[PDB]
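**Student:** Each chain, written out:
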Amino acid sequence: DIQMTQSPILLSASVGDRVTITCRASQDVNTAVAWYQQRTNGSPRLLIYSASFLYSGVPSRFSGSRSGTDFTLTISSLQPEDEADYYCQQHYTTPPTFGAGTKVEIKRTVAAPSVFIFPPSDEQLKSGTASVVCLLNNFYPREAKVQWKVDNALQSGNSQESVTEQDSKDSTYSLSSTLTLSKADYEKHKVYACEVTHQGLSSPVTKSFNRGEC
Amino acid sequence: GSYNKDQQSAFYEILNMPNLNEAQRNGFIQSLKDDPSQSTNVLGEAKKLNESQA
Amino acid sequence: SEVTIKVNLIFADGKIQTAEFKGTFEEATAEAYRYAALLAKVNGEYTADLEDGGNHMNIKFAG
Amino acid sequence: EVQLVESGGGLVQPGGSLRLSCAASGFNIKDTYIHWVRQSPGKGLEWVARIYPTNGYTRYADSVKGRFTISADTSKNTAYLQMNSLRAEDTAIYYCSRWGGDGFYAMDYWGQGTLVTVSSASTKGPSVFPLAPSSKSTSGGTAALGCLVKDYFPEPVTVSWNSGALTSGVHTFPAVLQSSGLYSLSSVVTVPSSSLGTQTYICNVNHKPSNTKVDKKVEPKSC
Amino acid sequence: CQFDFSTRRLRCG
Ligand SMILES: OC[C@@H](O)[C@@H](O)CO
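Chains as they are written, first to last, in the entry's author numbering: chain A, 1 to 214; chain C, 1 to 54; chain E, 19 to 81; chain B, 1 to 223; chain D, 1 to 13.
Be careful, since some hints might not be right.
Calculated cross-link-like contacts (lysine-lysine; reagent style DSS-like; alpha-carbon spacing at most 30 Å) [claimed, not checked]: (1) B:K217 / B:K124; (2) B:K217 / A:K169; (3) B:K213 / A:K188; (4) E:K78 / E:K33; (5) A:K190 / B:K43; (6) A:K169 / E:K33; (7) A:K126 / B:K216; (8) E:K40 / B:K43; (9) A:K183 / B:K124; (10) A:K107 / B:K217; (11) B:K221 / A:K207; (12) B:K221 / A:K190; (13) B:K213 / A:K126.
Chain C residues, not near chain B, derived (Cβ > 10 Å throughout) [stated by the list, open to error]: (14) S2; (15) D6; (16) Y12; (17) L15; (18) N16; (19) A54.
Covered, in the sense of this in silico footprint (three residues per stretch, anywhere, with C-beta under 8 Å from a C-beta of chain B), are these stretches of chain C [stated by the list, open to error]: (20) 22-28; (21) 32-40.
No lab work stands behind these hints, which were simulated from the structure alone. Built from N, CA and C at the ideal position, the CB exists for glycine as well.
For reference, chain A alone in the conformation it holds in the complex:
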């Protein structure tokens, strides 16, 4: 089989920048290499075929080149909508094989999150479980520390985080942290707090509520 090695695995650059990603075949594949883009929630989409030819409808800022078994994909002027994963593929020999992908992110200015908190719904509380949700909206960069406290006791092992991919309109991130307790545990404590640390904040922000308060 033929191996396709892509580098770097992650590249972050500003809008308008020229970016270059690479793909190396483990043996001669002639020019039989294609490049695909995959955007959030999407299927692979053809950008370049036969190493250097632009597929119809693809912006001319995309270009491809070959040097021996080395292949390059260049975006001459990075756009917000270019935020995506990029894959190379050889079709020279069966099986056709794909590279592991390069993730391309957009650099932008620091933005502090809007921080919000949601008690468990009364509806959920009718059952035996309580989910407390801390929301961090529209921030950059991605790095953020979210800690849960229950009656001022730091919580560990009972929350899960999820982060969206970069927003199409402003290149920011949003994050949810969900604290899961039994209903019995929830009804036993009073103060629920999520503390957020992020580069855009001058010091950590705590959003909290007292169980029972409207």
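Chain A is fixed; fit chains C, E, B and D with the ligand onto it per the hints.
**Tutor:** Leaving out everything else, chains C, E, B and D with the ligand in the frame of chain A:
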């Protein structure tokens, strides 16, 4: 569609396997119909599954 | 084991990109230098400064 | 317009069987190669099989040979993938694509993809709870609200707001696998504070594997 | 980086 004696033989082997359930048995029979060029491979994988479910 | 080499790519006009390479330390290293050499063709001679035991690089291009 | 549409993906037990279909339109599969390609956390993009419907020639990945068969019915402009002796490693989005179409030697159209989940776990529909807007979810004159879609299996679910009329300011978070082996996600939307109480906000949740369809109205809670 | 079904995107780190 019609079959040659080898093809018919492959169907017979899968039809008779005692440890396949009916979803599996018919899935493999469907594969034999799908792609005659794969009869030997399909038969081998049916055999492996039948044996593991003994 | 697997490590991540983080790279700052610093271009002659002050623009900065960042990249990551993953693999064994030896593989990721080789890939980072390979990528630097490739960008050098277009962006000028590179110099690579290694910090964090080689696990972070600052790569500047002459233009 | 060229289009490929996969169907048939779903939950199947290890050792089980599933059949996928790939319905082509806007071109004739007799003129091209048709491929199945899958994508998974474990192996990324992985070619599965191909067929040339004009002469019936087929090729397979070594890891699926004997277990999967590809075929095509040109009279229905449709290709198929029979999947037997399924294993955890076969869990993937399955796409069909064409190659050689209009003389382009690359996969230039791919379908939306269909998810195959190989697992002994059982189907479970989600509970949908409101994330009510409140004094703790507002700032700067805008307010956040949402829906918690908790404890479902398998993927996928879909979430929209006001039947798809509301898209601006929506963040639907990636599904996370809980320790229970069930998925959960939240979807939130930011709206003007002044709109709360006058504009109806409903999250439309669909979990086709359990035939669960819920439209949950989200409002400020009464004090 | 690892592909995630939910987003159809690579997730790094
Ligand atoms: O709609 C596909 C996917 O985004 C959901 O199943 C959540 O992961």
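**Student:** Which earlier hints can't be squared with this structure?
**Tutor:** 3, 5 and 10
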